[PDB]
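Colleague: The chain contents come next:
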Amino acid sequence: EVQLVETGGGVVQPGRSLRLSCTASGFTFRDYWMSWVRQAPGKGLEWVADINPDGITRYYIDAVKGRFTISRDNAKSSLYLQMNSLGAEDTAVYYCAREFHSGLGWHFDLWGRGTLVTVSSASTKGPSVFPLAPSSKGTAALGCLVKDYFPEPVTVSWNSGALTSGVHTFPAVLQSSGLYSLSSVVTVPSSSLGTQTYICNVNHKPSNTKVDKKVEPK
Amino acid sequence: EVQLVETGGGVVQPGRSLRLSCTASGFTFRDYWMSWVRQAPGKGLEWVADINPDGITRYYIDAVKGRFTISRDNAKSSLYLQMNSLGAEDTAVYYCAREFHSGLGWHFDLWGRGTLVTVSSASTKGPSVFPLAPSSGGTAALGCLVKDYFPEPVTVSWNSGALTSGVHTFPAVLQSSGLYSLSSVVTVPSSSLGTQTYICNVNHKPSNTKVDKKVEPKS
Amino acid sequence: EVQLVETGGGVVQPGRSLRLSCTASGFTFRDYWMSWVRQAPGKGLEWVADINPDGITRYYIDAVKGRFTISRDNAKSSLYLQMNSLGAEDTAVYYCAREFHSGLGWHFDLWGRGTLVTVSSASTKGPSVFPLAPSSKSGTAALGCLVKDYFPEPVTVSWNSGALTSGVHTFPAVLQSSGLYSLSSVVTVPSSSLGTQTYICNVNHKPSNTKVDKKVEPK
Amino acid sequence: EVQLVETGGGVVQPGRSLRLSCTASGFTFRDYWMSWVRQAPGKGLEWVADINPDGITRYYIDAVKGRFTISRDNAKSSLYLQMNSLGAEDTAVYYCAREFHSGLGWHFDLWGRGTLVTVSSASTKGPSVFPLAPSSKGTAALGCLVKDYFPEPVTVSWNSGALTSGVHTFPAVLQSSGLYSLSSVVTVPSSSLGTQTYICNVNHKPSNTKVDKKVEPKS
Amino acid sequence: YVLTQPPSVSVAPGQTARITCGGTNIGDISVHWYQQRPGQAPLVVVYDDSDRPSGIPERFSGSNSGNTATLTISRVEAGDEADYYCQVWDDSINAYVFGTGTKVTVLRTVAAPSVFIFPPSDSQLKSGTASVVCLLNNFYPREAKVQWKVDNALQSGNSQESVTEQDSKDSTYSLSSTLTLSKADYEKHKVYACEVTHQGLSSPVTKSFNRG
Amino acid sequence: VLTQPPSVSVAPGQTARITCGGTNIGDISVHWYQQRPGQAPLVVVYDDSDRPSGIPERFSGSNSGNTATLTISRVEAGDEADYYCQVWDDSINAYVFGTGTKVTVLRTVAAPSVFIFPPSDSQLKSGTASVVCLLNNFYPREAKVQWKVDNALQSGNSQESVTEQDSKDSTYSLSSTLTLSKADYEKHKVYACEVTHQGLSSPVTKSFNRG
Amino acid sequence: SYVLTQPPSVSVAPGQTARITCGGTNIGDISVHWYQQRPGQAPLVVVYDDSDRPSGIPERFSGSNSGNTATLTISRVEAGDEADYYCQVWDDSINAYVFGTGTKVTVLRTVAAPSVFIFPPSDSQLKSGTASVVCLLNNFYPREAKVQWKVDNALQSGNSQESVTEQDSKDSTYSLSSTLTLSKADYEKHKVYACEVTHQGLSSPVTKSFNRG
Amino acid sequence: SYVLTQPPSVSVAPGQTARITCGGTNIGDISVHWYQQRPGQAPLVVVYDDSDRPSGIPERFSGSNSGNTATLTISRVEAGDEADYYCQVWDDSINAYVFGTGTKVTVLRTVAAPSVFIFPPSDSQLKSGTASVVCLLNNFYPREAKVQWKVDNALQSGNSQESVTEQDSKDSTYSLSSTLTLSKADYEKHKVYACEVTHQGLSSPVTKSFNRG
Amino acid sequence: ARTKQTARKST
Amino acid sequence: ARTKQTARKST
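Quick note, the sequences are listed as chains A, B, C, D, E, F, G, H, I and J, same order.
Okay, so the first sequence: first residue is -12 according to the numbering used here, each after it adds one.
Okay, so the second sequence: first residue is 2 according to the numbering used here, each after it adds one.
Okay, so the third sequence: first residue is 150 according to the numbering used here, each after it adds one.
Okay, so the fourth sequence: first residue is 88 according to the numbering used here, each after it adds one.
Okay, so the fifth sequence: first residue is 7 according to the numbering used here, each after it adds one.
Okay, so the sixth sequence: first residue is 636 according to the numbering used here, each after it adds one.
Okay, so the seventh sequence: first residue is 10 according to the numbering used here, each after it adds one.
Okay, so the eighth sequence: first residue is 10 according to the numbering used here, each after it adds one.
Okay, so the ninth sequence: first residue is 10 according to the numbering used here, each after it adds one.
Okay, so the tenth sequence: first residue is 10 according to the numbering used here, each after it adds one.
Bear in mind the hints are in silico, worked out from the structure with no lab data behind them.
C-beta: ideal position from N, C-alpha, C; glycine also.
Do not rely on the hints blindly, as some may be mistaken.
[What the hints assert, rightly or not] With a straight-line Cα cutoff of 25 Å, these simulated DSS-like cross-link-like pairs (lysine-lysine) come out:
no.: 1; chain 1: G; residue 1: 136; chain 2: G; residue 2: 179
no.: 2; chain 1: G; residue 1: 113; chain 2: G; residue 2: 159
no.: 3; chain 1: E; residue 1: 175; chain 2: C; residue 2: 363
no.: 4; chain 1: G; residue 1: 193; chain 2: D; residue 2: 301
no.: 5; chain 1: E; residue 1: 155; chain 2: C; residue 2: 368
no.: 6; chain 1: A; residue 1: 205; chain 2: A; residue 2: 112
no.: 7; chain 1: F; residue 1: 737; chain 2: B; residue 2: 44
no.: 8; chain 1: B; residue 1: 219; chain 2: B; residue 2: 44
no.: 9; chain 1: C; residue 1: 368; chain 2: G; residue 2: 136
no.: 10; chain 1: C; residue 1: 363; chain 2: E; residue 2: 155
no.: 11; chain 1: H; residue 1: 113; chain 2: A; residue 2: 200
no.: 12; chain 1: C; residue 1: 192; chain 2: E; residue 2: 155
no.: 13; chain 1: G; residue 1: 200; chain 2: D; residue 2: 297
no.: 14; chain 1: D; residue 1: 297; chain 2: E; residue 2: 155
no.: 15; chain 1: B; residue 1: 77; chain 2: B; residue 2: 44
no.: 16; chain 1: B; residue 1: 215; chain 2: E; residue 2: 175
no.: 17; chain 1: A; residue 1: 30; chain 2: H; residue 2: 113
[Claimed, not checked] Pair by pair, the computed Cβ-Cβ distance ranges are:
no.: 18; chain 1: F; residue 1: 699; chain 2: G; residue 2: 35; range: 14 to 24 Å
no.: 19; chain 1: B; residue 1: 9; chain 2: F; residue 2: 689; range: 48 to 58 Å
no.: 20; chain 1: D; residue 1: 295; chain 2: F; residue 2: 835; range: 51 to 61 Å
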């Protein structure tokens, strides 16, 4: 199957280095121009660099001049991005993208899922999970506060996947502490409160932290 | 004159209840099967329920079964729909309809205008009415802007129904606010400006808003 | 419905005779004084003659004394004007009119449409009808019918059997150098209706028993 | 000379009636059995009815039983077909045909050119003519699209008959719209194009519509 | 008896019109008034000096004194455009007497005409006569200039005009001008144009056709 | 389930055919309704091919195999509507409607009349300015209106509404509404809508000056 | 109602002999007649009473009737012989004239490749809101052809009509039009319009196409 | 570096047509491409080379480019079209791919009022020395709202964060969390905590509140 | 019965 | 000078 798989992402301290790899499969890799495109959280698309099939012609944006170096191993069907002297402006999801040309113009016709690069001095920390308890007052709302974790991402499920209707898991906000925080809410019948058990399942892979949390009234 | 009139439509909150009435006149009401037929905005006709003449047999679609209850009072020549546990899927114009048997098949030979049932958590808001004033060749345009209302519908007439030719009452559009807005316009002879009076009659029943606005060129 | 209807008008040669008839309906005819009032084209009203309810008393202006004779048939609710020795001074629209006494003064409270009496040596000539077609030369278009070379007056013109009245201008007849009348009737309509709506002018010239229904098309 | 000439064909709405006539010339009409034979467009021959010389013995196919009546007027050397309750299965060219017998069998030894009968609710409409433009990128092909007309037939010529070689005028197809459509093409030297002028002449008699259309390379 | 009325009375909309009936000691007898619209029968609007029939608006009032009866129409609108006749009945000679009549004309804003031109029909050409018609639609005031140009040549002596009465709703006038040529002369020339000059137009409007 | 085509387009004076699809629907009776915009359905054909009183002969029906057909001959603007087929199922005691078919009439090209309306002083004294461009009675429906305020294109600050096809002349009408604050409206001075339509030789602009 | 079965087609090389059969149960017991019908013309009897020949009819036409088959034989075929041929009997049981389904005489000749042309919709047609795209196959043999529409490389179905001329009197070839009919809207949803022709006269399928140039 | 200007937002009712603008000086001279990006997803090309459509992309997406504006048109907008859309060019002067800032497509629907819930800090969180107070606004429309924190009637400022979900795929509504963040100390020297919601769906502002204890 | 008999054209 | 020249992808 035709796909691109970025890897090598994660947390890097300011001033330090990171190398990304992209593995292509399902197509003839040596025939194409290949690009890296990035996207800062909640922001737009920014092309970073690209390299010609033979690996001798390369272009960069000014923001990464002298810091980033792109290369390729055609035998390994692989693309690389060497990132030096990283700063917060480099924090982004990095995408591997294939270039297409057909006598008119150039666009990207294939993307990987991307790898997240976090430039921060924050230490990896699991979230503390607190219950948003149902009020004693139809529809009831309850939820879980997922607090002070680093880095992204974190997943939340309810009742191990059994409960999905009316579930809202909010996007995390970055706090001044440098830590992330979010809430996951759900609306349920006010009658189910005494009967039905509600458990939020919080998973934070960068710290290997799973938390199951029973949310009940009072 | 043979006719059916639906009443009781309006705004209703999800999970709450609503009672529709149809008043028949001009025919032997107690002799006919009566139906409720509904139409979601922009969508097609969906038969809902019906009731036999003496009010003993009732049929319902599976989606309203348990929630809806059709009844009639033949002494009053009236048909009823009791709608409980309303959801957004019940938002529609509701028609009262008389059933006819030719000896072959069954079809509807009499309808009402219908009444709109809107299932929303939102508050009712009346519209503000503003003149679209004529300018300064041979034909002129003027109108009324009917802005920021919920829910539908809004009726607009011109000079109490005396002016119908050249009139365009535009279908309501949803603004970013989630409130409706429409314009009603009419093209008139330019020579009639200043000599003929033009009044847009705006009525928004859910808010009991009624406005008669005279439209004249700006000076 | 209370009304008076005059008949018997038309062309009459000088020195010849003519009998007018008013047919009354909707009231107790035998109870009222009835008058004939005439109006020369472009001129003012002139009372001619009246007759008491019994039919016994009659009055006349000096200029018709001996020539004209007013009578009535109360069983028929009908009024008559027998006009002998007609001259050009008798050419006029003739009105049937009911007299009213308020206890103070006397005035006319009911009139007919009137019928035109033309005293001419000339022969009756019916009109020819030609379309005034609009072009696709591109909000408002004009079209009409030309009603040419007729005698005597009048000619009636309607549009779409009376369904179209707005924007219509039926011009007053002009005397052409030939001594024959001609007029145009025109109407302004939306240009977008030019190929979709049908426009027919209905021309009627009774003295020649001419009747023309003409479809006006964009050439 | 010896001939049969059918008349009375044309367009008839479903359910309606049509009467065909056939006029015989150049032979003793009263000595012969006479037939009507029909052919639906693109289909085979179907005998319809015949009548004996005296006009008293008649045969029909079952498909026209009770709907069609054949008759003759020997003094006028004429044959008739009265066609009632027409349907689409009746759309065809209708032929007048003389019958021959010589002690062995019966066959048709004389035919008219036939008259076309179209059973359709479609309105008479002239064709719209569009150019099939010569490719800019020897032998070049160009032509005319003759689109959306009713009914059949339509003739196409090129340069008023001066161009006939290499010309292919395609048979019409009946579209779902109920209208007809065809193309006329011609192959010419690529060398020309810039020099020689090419005009298709499209003529549609049922609508009295002639169209001349200049076909060009274009930009 | 002789009853003199002014021929014309001009009044702005919303204002008051006064129509007089002059007679020697007319004040000693009863005066009645009729409204007559174009092509219509008279309709009594005031009788016995100052009484109104049912259905007649209060805007109509009457007064009679000395040698002058007066019909008064307040808040005048286009529907009031008509001829008004005063009337008395002479018991001495058993005869009705009408006044000379007064046309009420309503002022309104300036309205530029819409202009339209009509070529003669083929049915008319087939008869050997050609009529070309220029239409001036719904204008004010009444004064307008229409000139015909046949192949840019001006025209004289060969056209007639007709004007409508004041319109009972918008108070405008309409005008038709008809150019009558022979089939001969018409078939020669190519350009036909009416040029309209009206106060409502900045510069003259020309409407024109050719032959195809 | 009864399947109808969403749309049928037909030239004036020609014939419209509307189909109702169903497995062996020819074995049962089909009825047809005409529904004009803002109106209740009106039966035009029932029991396959019967016409109620007052329904023109131009309406006819047929039903066979898996297809019922409503046929409208000599179509005119008055025929513009949604048409619904209908059966009654005695098995389950239930009415079943088709999905509906809109009939569109193909008339000649008509260029729109264009009009522009300034916000009223009444609306300004509330902190909002609505500017309205009116496109009147045009065909076909495709049109482009463009807002220019002191020149420069506008984006994301206007809405369009378009009428159903006119029941007499088969045209469409469109309104475009530019919505600004009193703040921004008071800044600028020139407001203009530019209209591009096939019936226009070149784009038409209507404009006004603020005050 | 008595049944006559005719072959839909009979192929014959010029100068050779064509045989058209009319089949029926004991059709030898009854009389059979034959008609020639040319495009746009009225039928003309060429053989009647099983085997008799009308005056003015060339000797090349002859008939025979025996057992369960009557045969129209056409010797030394010329170009004017390309036509439809109908057998005919009188059914004396249900009392009707009966015709066979008809047989078309086709002239055999060598394979000939089509010249292929593609025509984009004119601008004037686009004003009307419809776009007809036309593919012309000119002067080819045999008649059987495969014309496939590809809009942006998508094989089209249900939206094209074919029309074919009769065999040419001089070269015995055919010409074919295939017309792809879209609304103007559907037309401008795409960019590549290709006519693909597959024929016995071509080594590989031929494609003519346009964009919006 | 060449500049592409996109509107940040485009609103459209279901079934209607969305138009997304990409503005550049003489952008008609260069090629423009369009990408759709759904939440949590990699971008996907929907239109390339001004007007061409990739395979697998619905016909509803079409493109055009002229003068100073390229336009992505989405017709009969349905479920799944709610996304971010990016225009893209290649700047051949400074040699870089350039993207527009992006346009979010919002589905228009009727005003819907939020159900409002307030959550006091759990006891376990107070053990850690911080108190997070949460106000929930559930399933409302439009997105614009005013959530005000009142602590003992004192309007708070600078100490709350808002977070809002994407438009719901089924009912097109939003949900919003507002979180008031205090030290446990600051929390226990106050008594009344209230979130006040001002929304178009409400006739009058709604307040949910609690007392410590 | 109202059935067709042969037209007796052939024997 | 070490200036950027066009990548010559388009003209």
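Colleague: Just pull the numbers of the violated hints for me, sorted ascending.
Modeller: 1, 2, 3, 6, 8, 10, 11, 12, 13, 14, 15, 18, 19, 20
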